[PDB]
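With the sequences and hints as input, model every part of the structure.
Here are the chains, one letter per residue:
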Amino acid sequence: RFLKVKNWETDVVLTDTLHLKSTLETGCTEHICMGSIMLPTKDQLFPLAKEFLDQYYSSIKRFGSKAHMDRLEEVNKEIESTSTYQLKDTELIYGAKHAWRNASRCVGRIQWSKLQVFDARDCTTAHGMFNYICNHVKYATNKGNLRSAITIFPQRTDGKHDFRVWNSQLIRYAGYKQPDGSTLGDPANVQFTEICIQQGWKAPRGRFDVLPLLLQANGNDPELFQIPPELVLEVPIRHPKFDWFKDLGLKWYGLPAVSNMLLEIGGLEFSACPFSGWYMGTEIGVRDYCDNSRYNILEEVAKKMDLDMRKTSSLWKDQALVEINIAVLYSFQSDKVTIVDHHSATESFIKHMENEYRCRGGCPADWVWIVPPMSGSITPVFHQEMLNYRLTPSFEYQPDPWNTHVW
Amino acid sequence: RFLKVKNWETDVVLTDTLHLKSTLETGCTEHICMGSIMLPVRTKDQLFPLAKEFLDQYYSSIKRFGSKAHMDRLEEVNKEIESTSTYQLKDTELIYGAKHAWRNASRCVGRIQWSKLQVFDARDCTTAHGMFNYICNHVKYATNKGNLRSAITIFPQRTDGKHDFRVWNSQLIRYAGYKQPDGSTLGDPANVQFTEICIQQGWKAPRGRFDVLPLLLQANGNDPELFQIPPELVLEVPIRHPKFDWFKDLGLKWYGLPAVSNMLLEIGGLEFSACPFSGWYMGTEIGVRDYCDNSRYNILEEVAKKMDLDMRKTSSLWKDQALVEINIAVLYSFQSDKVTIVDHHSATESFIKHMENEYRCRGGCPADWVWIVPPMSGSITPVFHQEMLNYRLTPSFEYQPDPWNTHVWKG
Ligand code: HEM
Ligand code: HEM
Ligand SMILES: CCN(CCc1cccc(F)c1)Cc1cccc(NC(=N)c2cccs2)c1
Ligand SMILES: CCN(CCc1cccc(F)c1)Cc1cccc(NC(=N)c2cccs2)c1
Ligand SMILES: C[C@H](O)[C@H](O)[C@H]1CNc2nc(N)[nH]c(=O)c2N1
Ligand SMILES: C[C@H](O)[C@H](O)[C@H]1CNc2nc(N)[nH]c(=O)c2N1
Ligand SMILES: [Br-]
Ligand SMILES: [Br-]
Ligand SMILES: [Zn+2]
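As they're listed, the protein sequences go chains A and B.
According to the deposited numbering, the first sequence holds residues 299 to 338, 350 to 716 in order.
According to the deposited numbering, the second sequence holds residues 299 to 338, 348 to 718 in order.
To be clear, the hints were calculated from the coordinates, so they are not data collected in a lab.
There may be inaccurate statements among the hints.
Over 12 angstroms on every C-beta distance to chain A, these chain B residues come out as not near it, computed from the model [said to hold, decoys possible]:
(1) 421
(2) 504
(3) 663
The calculated DSSO-like cross-link candidates involving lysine-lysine, where the alpha carbons are at most 30 angstroms apart (straight line), are [to be verified]:
(4) A:612 / B:550
(5) A:304 / B:620
(6) A:560 / B:620
(7) B:550 / A:620
(8) B:645 / A:612
Ideal placement from N, C-alpha and C gives every residue a C-beta, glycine not left out.
See the structure below:
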């Protein structure tokens, strides 16, 4: 019931008690581990509200105080009456910081307490959502010195009036199926690119077309908006040693901003909660650039390097991978856009886990996601045992809205 | 029930029913995943169901389920259990069991090979000198002058747990490790404790960087005894690089034959506590883990110094750069000397083909993603993108405590 995690590089053992507070289920049973699966009323809401307010009042050293008991009473009356309740600003901020803190797949959580929370609960239209979003993008981008931020749109009601950002990230590149049979641009976004086109976007049909926002307010039909080009910081990719690298024509955007997740706080559901931080270098150079189902540039790069591509055992893929990743980092650094390498981020996370074990009694962590997609065992996280479990407040996946929305 | 796994690179979806036959526990519950935890005297009444389940699996695999041979065998085992409290496997059933324990090993990327396993039956062994001779023969067979052949040697099973056969070595061939008074380590840091045991027992340590350890062999619950593997049987590969001519001067080498000797093999409820097994290396085992773990040979700094990379900031990726060169070196050296090795691209590609085959003929393939994904270049291997289901089937290889922690010394 009290659980130990061991670091096999350093022999440091930590004891986890925090898992006992865990509420949601994992996908696993005593018979089967699903650790590598990508995705496994009034009556319901009051318990969730109480659990939340209890931890909030605990966090501000006021557990069992007059004001604690009063608020529990207040929220209780409001659920009875209205079927829902509203969070105080302080609660909303706390809840959003804690959803990040609880994100077991997130290596960047040492930063969790510094999140800037933009309260957009007064938003009513898609044009309003667009304004809030542009403001978030400009604030977070900060001319290259990125700051973490979340923008929180109104909470779900009867669930026929959901706010949604149909985009998977605020800033992403279009993908277009070709006559040819190949894909132009990012193959991850073909379907959404098509949705934008059918809703009426005029696609320029290039390799790196920033997608328009498709914004849904109040369960209404979603609308298109272009993010002012001037607010989208992008980085041309060059290599500090290979002059030819630039001729690949590669670029990426500075601001990673997830917009398709659902934020749950005290039972309330925020279906539009775009959040942003900054990139770990491998996200772009290993996954975006080198996944076979993504930009898949490994072959072209290897060719420019004149490596022996005859045999897998020459490790030509591996050599090319390292160079691509060196270039991503050098390019961001040269243009002064915040980026972290996988060594520094994982070192940060081990230090963060130690803080959380010491200060909170644990840190839920998903090893499959935390270990970087290159050079795993040369980073400290590879050697660190992790316990994965689900705490609330939380960020959750939710169905893509086009499968759900009725026009 | 049916469970699906999806490959996120290919969209290939597979359906698992084999997990229904799983008996043993995982460590996980509905409230916690223990998937990255490294480690998450039997009665007659427990023994007969375990035997029956095993024998039913064996008779089904030879298409004789329910035959008179199957039924006579069950009754014969049942009678042996009630009167002697245990039972002996037939040679055929021992072969089937040892192969299946490999087939079932969820952390093994090399399982495409599982049905080609040379089984050496050492159940007539009685003494440590007996075990030495069996082990020498295994090494020489498996080594086969570089054309490595998978094999396992199976010593007598556990009886009362006071008469256990054990290889105290964690692998048959491994390098010594010496803690120096100044706190540095000479040789391999992973093997310090066991090296100290060997010295205590009388081994004369050459005290160098790659000294092959002596075997420490326990027969029949007796105190273990020391033996040196004939050097002429220990195939080694000097590590050089195809382009970097200074790489040889690092003084690196490694042995060709990886041979695990500290696991316990469970077949139909019976426990084989000494069951050394060998295959061949995937290159990353040596070039990533043995050479570059901070707690092992730890050569990254010295290699990157010699490549003259920028070592002032981790963001030059000097470690990742040095890591790749060392791994190229390991594979080049093994190939140049005609010693079997597999690269992590080949091995993971093979494993994915193995796993699809298994899903189709067997209804599943339990696999531990944390262990199957290689310790470098994870996502440019196909296994990174493959969902897997981890569950435990018997026959199985299981961990067991180090014998120096539990042995009752005779004197
Ligand atoms: C400040 C810099 C940050 C870094 C460097 C970072 C790093 C990462 C990385 C590399 C991933 C894996 C993503 C992937 O492979 O696709 C991730 C996952 C995640 N992070 Fe962060 N993170 C940061 C900030 C944030 C913030 C501000 C939030 C929310 C407030 C957040 C919540 C998440 C969540 C929820 C996941 C898991 C997503 C999923 O399961 O699909 N992180 N983090
Ligand atoms: C034939 C070539 C083989 C290759 C390339 C291979 C590859 C591997 C590798 C790379 C690992 C992970 C090792 C580590 O990180 O420590 C492994 C684990 C394992 N393999 Fe193999 N394997 C082979 C044959 C065998 C054989 C013959 C057996 C037994 C009959 C075996 C049973 C295992 C087991 C039980 C593990 C898990 C060990 C643990 O949990 O500590 N494999 N395999
Ligand atoms: C590339 C896709 N990432 C999610 C992966 C995913 C999600 C749902 C379904 C999938 F198939 C795959 C998006 C993501 C999520 C969290 C963090 C990041 N990377 C970042 N550095 C940040 C984004 C926002 C704050 S930090 C990317
Ligand atoms: C080096 C350590 N490996 C065990 C891992 C382990 C387990 C518990 C604690 C540890 F610190 C480390 C040994 C191992 C096991 C299985 C296979 C291999 N590698 C091989 N290629 C083979 C060995 C025998 C047949 S194939 C190595
Ligand atoms: C099937 C497997 O779970 C899947 O490929 C995962 C593995 N680990 C990951 N880790 C991170 N950070 N991001 C991912 O998209 C994935 N993909
Ligand atoms: C804590 C973590 O589970 C541990 O480092 C594991 C990770 N994956 C592994 N995978 C393999 N093949 N071998 C290992 O020793 C490990 N170590
Ligand atoms: Br970070
Ligand atoms: Br193989
Ligand atoms: Zn699990």
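Against the structure, the hints come out as follows:
1. 421: holds, 21 angstroms
2. 504: holds, 19 angstroms
3. 663: holds, 16 angstroms
4. A:612 / B:550: holds, 18 angstroms
5. A:304 / B:620: The hint holds at about 28 angstroms.
6. A:560 / B:620: holds, 23 angstroms
7. B:550 / A:620: holds, 16 angstroms
8. B:645 / A:612: This hinted pair holds, its Cα atoms lying about 29 angstroms apart.
Every hint from the earlier list agrees with this structure, and none is contradicted.
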